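Chemist: This is what each chain is made of:
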Amino acid sequence: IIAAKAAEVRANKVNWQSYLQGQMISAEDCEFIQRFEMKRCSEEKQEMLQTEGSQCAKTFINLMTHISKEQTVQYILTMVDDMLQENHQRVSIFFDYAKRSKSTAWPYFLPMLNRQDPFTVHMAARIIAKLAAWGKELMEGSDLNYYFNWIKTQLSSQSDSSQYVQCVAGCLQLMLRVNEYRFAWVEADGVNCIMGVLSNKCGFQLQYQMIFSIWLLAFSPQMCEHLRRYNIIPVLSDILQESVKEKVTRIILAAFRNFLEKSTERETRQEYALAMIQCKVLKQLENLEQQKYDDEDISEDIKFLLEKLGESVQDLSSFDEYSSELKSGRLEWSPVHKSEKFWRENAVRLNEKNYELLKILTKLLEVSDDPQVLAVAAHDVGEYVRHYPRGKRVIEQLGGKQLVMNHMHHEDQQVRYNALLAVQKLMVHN
Amino acid sequence: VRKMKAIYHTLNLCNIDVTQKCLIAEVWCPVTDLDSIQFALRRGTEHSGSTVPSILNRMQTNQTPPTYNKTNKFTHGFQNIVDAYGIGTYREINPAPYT
Amino acid sequence: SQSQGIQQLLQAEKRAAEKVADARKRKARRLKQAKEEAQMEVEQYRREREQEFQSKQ
Amino acid sequence: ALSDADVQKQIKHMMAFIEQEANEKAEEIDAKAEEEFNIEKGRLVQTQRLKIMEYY
Amino acid sequence: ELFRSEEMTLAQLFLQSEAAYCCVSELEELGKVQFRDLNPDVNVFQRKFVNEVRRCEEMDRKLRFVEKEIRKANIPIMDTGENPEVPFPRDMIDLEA
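Line by line, the protein sequences are chains A, B, C, D and E. Quick note on the numbering used here: the first sequence kicks off at 1171 and runs consecutively. Quick note on the numbering used here: the second sequence kicks off at 377 and runs consecutively. Quick note on the numbering used here: the third sequence kicks off at 3 and runs consecutively. Quick note on the numbering used here: the fourth sequence kicks off at 2 and runs consecutively. Quick note on the numbering used here: the fifth sequence kicks off at 101 and runs consecutively.
Fair warning: there could be bad hints in the mix.
Label-pair ranges, simulated between beta-carbon atoms [what the hints assert, rightly or not]:
| id | chain 1 | residue 1 | chain 2 | residue 2 | range |
| --- | --- | --- | --- | --- | --- |
| 1 | B | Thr395 | E | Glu182 | 21 to 31 Å |
| 2 | A | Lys1497 | C | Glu52 | 51 to 61 Å |
| 3 | C | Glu52 | A | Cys1211 | 25 to 35 Å |
| 4 | B | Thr437 | A | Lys1508 | 42 to 52 Å |
| 5 | A | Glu1431 | C | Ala19 | 24 to 34 Å |
| 6 | B | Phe415 | A | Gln1220 | 52 to 62 Å |
| 7 | B | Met435 | E | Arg164 | 51 to 61 Å |
| 8 | C | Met42 | A | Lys1497 | 50 to 60 Å |
| 9 | A | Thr1221 | C | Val44 | 33 to 43 Å |
| 10 | B | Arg378 | A | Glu1481 | 31 to 41 Å |
| 11 | A | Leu1444 | E | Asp179 | 43 to 53 Å |
| 12 | B | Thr447 | E | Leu195 | 29 to 39 Å |
| 13 | A | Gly1480 | B | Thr437 | 24 to 34 Å |
| 14 | D | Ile40 | A | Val1184 | 43 to 53 Å |
For the record, the hints were derived by calculation from the structure and aren't laboratory data. Think of the CB as a built atom: it goes at the ideal place given N, C-alpha and C, for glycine as much as any other residue.
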């Protein structure tokens, strides 16, 4: 939506004198804009900006403030945006003007965001993002609060509105590029706005942009620690199934690496990795590893994620973890349960403490109200016999034999199925 | 899975990143069905969520095209028979109707 | 005819190549820029601690 | 006109997709370098300031 | 008409990599085009999408195994009449799983 109106505005020039003659602007302002329009070559533009720099931003502000018809205001805004594209350093003239006026840069521009035209307001937003991201003067306090509040309100609209939310997210990203704005945005409820707009089925480009933002947050250790209060990963894992596009797949992989890299604690890494594995990210990483892509980042990140997810799977497969989940009632398909190598290595560990692990399992076989826990108990009891031959008589002693051969008639088909698997384990041979 | 095998064969048949990241395909098509072909590509973009468009290009071709004869149930056997000694050339006189 | 599309793609890819080469080279250049900026931090630290050391004296 | 115009405009959209993908990759490295060399400088300055602190 | 043979012609297509699959699936639904091979210079098993065909072959192998088990057993197989296009999304891997 931005591009066509920008192109039209580049051409929709009109006489700036129309407003000087109406006494809405000053003669020097009109003269500056006319001279700058005539002075088109790069050297001439620099000469104007360096000879009349104090008048430059003042002319822009005066015309934007006092002009009724949009075309001229949009012309100024598009000119500033294109001048920043030509040379990003052009943010410096506004700061020079503000300092000469003994003022900060923000009160001049922030009110523009409340104007009527979506094009003009969002172009002002792009200009503000460029200015306050490149310049020494960051946005702070009530000013940044209102600016990100405006970002939030534009997001709240959630299509031309979505295509403008493209610019909203672009400004947000160009700001988060610098650390301070990241903490400001996390302090605000803006991350909740990202969650809301993502869940509200926003468009593909917007998905890439918000995953860009969460990837920026994950880059920082403390912001990565902060964002768990939302837990994007359950959304992102399944949305990756549809977003096969290289853009989105790459950025989500990068955000995943950032989570598992910049997680501050071993427990933080375990939380993120557990979300991943219980939402089945590991098989997807194996599939993507079989797949091959254009650039380094996608495949290097898939390889790193395979490394770290494998390490997390081994950790969860730790014998101490198995005992601790048995103690904590978390018989809910942690990777230890299906990691066959763990079972081969540690099936004897179920004899430890005089078969306390099997005792927990066989007490849960008549104490577990949760069908998941009951089924996992029966299945683990069967796996014990599968992996440790002498366990046949131990299970007969503890009643796991009878308990599973009965619970294959349990009221929940999942429990019935797992109990049938366990009884098959017992009957693997004599 | 069989359709999937066919489509992966089709995509492996395409030119690759050495030419361009975006995939290129080469096709034989009758001049009567170009609009429908492009429309099928358009439906595909709609399903895939591709805002960037598909594009179909003609090229003045010195190469010999395949041959087709718009067969029907009644005429299929006759067409098979007349082609059994050899498959006709580009829109040459078809012996089937008179045979 | 297809050479037309291939040409335009190769030209857009040349543009991408130069833009992305600048993107990569920015890392190498700003590493040196940071090696420069370390002077600002270290000198500011020294002057501050000089102030408090004078207070202690 | 219509044939040439369609081919040209659609391939221009395809060029734009290519260049925006390249810009997104460039922006990716832009942000990653922002992380990396800045924390590198953080470590260097931390060591320098620790030396200065021991001296003081 | 049948009076003489068809007026066939050559063409080619550009499309984004991701949309290639869905669009050629729609062309399979249409059925009025025949595809060429733009990389005969090296074997089909050494193209961009080797593993994709490898796994389809293996999956069809396993489906033939289970079908053979079905024929050995007494359960029929459902000729429901539905013939849907295979989803391009990574639900492919869900079907795999």
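Chemist: State for each hint whether it applies.
Modeler: Against the structure, the hints come out as follows:
no.	hint	in the structure
1	B:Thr395 / E:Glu182: 21 to 31 Å	violated, 37 Å
2	A:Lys1497 / C:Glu52: 51 to 61 Å	holds, 59 Å
3	C:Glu52 / A:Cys1211: 25 to 35 Å	violated, 50 Å
4	B:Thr437 / A:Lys1508: 42 to 52 Å	violated, 57 Å
5	A:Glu1431 / C:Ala19: 24 to 34 Å	holds, 29 Å
6	B:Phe415 / A:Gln1220: 52 to 62 Å	holds, 57 Å
7	B:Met435 / E:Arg164: 51 to 61 Å	violated, 42 Å
8	C:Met42 / A:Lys1497: 50 to 60 Å	holds, 55 Å
9	A:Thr1221 / C:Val44: 33 to 43 Å	holds, 38 Å
10	B:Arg378 / A:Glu1481: 31 to 41 Å	holds, 39 Å
11	A:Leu1444 / E:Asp179: 43 to 53 Å	holds, 44 Å
12	B:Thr447 / E:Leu195: 29 to 39 Å	holds, 36 Å
13	A:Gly1480 / B:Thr437: 24 to 34 Å	violated, 53 Å
14	D:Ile40 / A:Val1184: 43 to 53 Å	holds, 50 Å
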